[PDB]
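Q: We have chain A already, so just place chains B, C and D on it with the hints.
Residues per chain, in single letters:
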Amino acid sequence: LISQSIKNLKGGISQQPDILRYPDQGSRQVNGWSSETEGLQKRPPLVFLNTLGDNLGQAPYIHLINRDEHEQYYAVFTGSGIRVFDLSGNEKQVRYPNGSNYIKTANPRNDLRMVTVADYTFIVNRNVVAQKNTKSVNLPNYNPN
Amino acid sequence: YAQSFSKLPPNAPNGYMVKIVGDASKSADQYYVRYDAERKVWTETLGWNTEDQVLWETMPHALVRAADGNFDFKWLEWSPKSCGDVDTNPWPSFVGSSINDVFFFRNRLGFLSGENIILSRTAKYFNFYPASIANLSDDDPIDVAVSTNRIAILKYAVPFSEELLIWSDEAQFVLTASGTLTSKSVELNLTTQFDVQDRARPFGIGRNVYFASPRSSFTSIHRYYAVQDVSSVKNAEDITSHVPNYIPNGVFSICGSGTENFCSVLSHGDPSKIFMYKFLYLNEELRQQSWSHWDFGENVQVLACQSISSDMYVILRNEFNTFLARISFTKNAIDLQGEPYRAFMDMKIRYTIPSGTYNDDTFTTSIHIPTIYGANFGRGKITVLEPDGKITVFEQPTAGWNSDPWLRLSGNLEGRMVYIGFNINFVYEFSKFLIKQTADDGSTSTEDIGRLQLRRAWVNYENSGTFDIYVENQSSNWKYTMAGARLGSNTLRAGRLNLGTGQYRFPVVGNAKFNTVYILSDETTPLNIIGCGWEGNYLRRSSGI
Amino acid sequence: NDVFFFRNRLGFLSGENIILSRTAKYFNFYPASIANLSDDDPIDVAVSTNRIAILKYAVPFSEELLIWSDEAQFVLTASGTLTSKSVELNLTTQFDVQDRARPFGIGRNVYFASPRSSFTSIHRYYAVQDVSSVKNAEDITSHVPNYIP
Amino acid sequence: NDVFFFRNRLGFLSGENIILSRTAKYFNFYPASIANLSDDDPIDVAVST
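Chains as they are written, first to last, in PDB author numbering: chain A, 3 to 57, 60 to 149; chain B, 250 to 794; chain C, 349 to 497; chain D, 349 to 397.
Bound conformation, chain A alone:
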């Protein structure tokens, strides 16, 4: 009559068949939090702050900005335009002084980028290609003779 104890439960799925897999590895695990000292726990809940919508871009590109402790906002890049929430959940206004013409994309996940430093928050479209403009030259013709 034998017996053995599995000391830890860390952790998680192992879709490898059960005569191969290690102990500590369950076959499914939902809402678990395999910590270091304590084993399985429930994941801590979702507080509500607060709400913002009706099912925002249908599939958007969302990337936060984390400048200071008092300065922590989002950036939601919907198919229509830029929308910014804070970290308390209310909307804050953006403005298009130069036209949008750059965020209107069917797939803003696959096509928009955002590189962010404390001085500048770059927003990159990947579909658009950048050309030279033929309007502003130095001299119009200038036959150099």
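No lab work stands behind these hints: they were computed from the structure.
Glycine included, each C-beta is placed from N, C-alpha and C at the ideal position.
Looking from chain C toward chain A, a few residues come up when the C-beta cut is under 7 Å (computed):
id : residue
1  : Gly363
2  : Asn398
3  : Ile400
4  : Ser490
5  : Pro493
DSS-like mimics (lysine-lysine), calculated; alpha carbons at most 25 Å apart, straight line:
id : chain 1 : residue 1 : chain 2 : residue 2
6  : B       : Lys728    : A       : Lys44
7  : B       : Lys268    : A       : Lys139
8  : B       : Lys289    : B       : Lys268
9  : B       : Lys256    : B       : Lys268
10 : C       : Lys433    : B       : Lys373
A: Positioned in the frame of chain A, the structure of chains B, C and D alone reads:
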């Protein structure tokens, strides 16, 4: 057209330009001067026919906080070409193709195209031209293309440990110079050829950087890291090598964090789950693999959570209304002022009850659900928690909650500042309790030769409880429900928490190959599982080896 | 914040900025002459990362000065000698460090203080044995996690 | 045979020859000027075996 700077006319009135050609004594290009005067001076200006600026809206934009409090999405200015002609100033090589994934490699500024690296001049941004073509001074814009033999349209760049490191698919790279950075110094050579799909930016975390790798139709997220023995050789281990078929092959975010030491990858082939990867490193060795759903409901599409230091902020869809949501990894805390008992609800709101809800005819206070929230709900089990020990479970109606959002409790609950949440579904199966034995090397291998008649596995638990246990044979289905503490314990109170401490023994009777023990519960209450044992008769007839 | 002593230069930290002095004399953050860049100029390299790093404490050990923001650590070297065009300033790891206490000593190691809620997770930063210039940060509260308030 | 892409140069292989281009433009296997060897010249190293 003069042949040197010394051979140059004295006055040459104000609207006049000279193409200074090379002296054939220095390695010099052909710069232009343009007397300007009001002051007898030959400067250096732009070419006459070449044009100065880019199309200047198609360039990458930015948003600025500017101190009204509201943002504004603007083009930023781009410094025009003015030092010479084309091509002593060539057009920078993104002028035909698209840009993506802007660097910050130096106090230069970099662009990526396929296949192009376009760095700026140092100490000022958005000036991709030399200051002067009297000579190549230093600190010029840098146009190195790529150094490979296979097509690499050149996506995300991430830095770690020595370098910036510029990930195309099927190539990784090394971005260095030999000494300092000039336009002639930049190395830009290959590292490996691991395949990386480019929809989610590869995140963090510590010494490692975590991929997202494409398959059909189950992704194979790797872990990119510098090896120990060589100085500058990198390797990409799969961390889904034992869980291969699990993530549904569209990856738009990798959230991650460093304080609680876990990676976490959202998916879009099944958007209602947040996958997890809990790990820790001790003595430069992995000691914990983990993969887990977090599940928020039946149809709750999860937008990209991001994690400020120990707070997971999540955005969800319903699909009636979206909302922000915080997950805080605080252990012995209180979410909202006026607990008992931290309540692990899913979707807590301390909703005080207004004056007019009660009617003394039917003796029922009733709560309209989006007057708490602003949102209508698909499904779930809304539980309601009082500052007293009351908990009511409501068990969503057929075609609820949107048909009748109405939360009917009791008679008089107006000033009670009540807590309203959901239930989480906590699920944990076990592996089938075989004889795990770590021999001959490590890599613990089972022995499945004789019939392992299994009996009474046991689960020990730290300071929580009320998980059930479901033991599931082929046709048995026993459920070993459990509650908080033993009778007479100091933990068991006529009102306080009911938590308790292990162990707990419960019969798992039958063959090992057929018994699947698992722990569903529900709840508004935590649990802890420390270890699990089992005993049982083992009899292998054929005495092996 | 968090003034260097990296050379006989003198350094400042801003977000995101490194401001070194001229050599052999302090508090002169300008070149001696702009007849040319001679050598030994003040150095203005900003940062080389893709994530916001307001740039706190700097501590030296074993090869380098080593300039800790939160969520980034760094490497402060040059290729050869130090000019304004020479300074490397590139990433090492991305371990999270709260910046209220200066990370102290001690021998070969440097000890963090890492933020959680609401029990800190003090690490131990050290150079690994096998690589030349790869560092790692083990948790030394990994078995006592819930202890420091 | 077996054309490189080693730099923004362009390379050829012969037996025994390496023929790299000048940088930043392809298909120009000659120096820009013989006022001096400037930099970025075409490269003709044969083999070392």
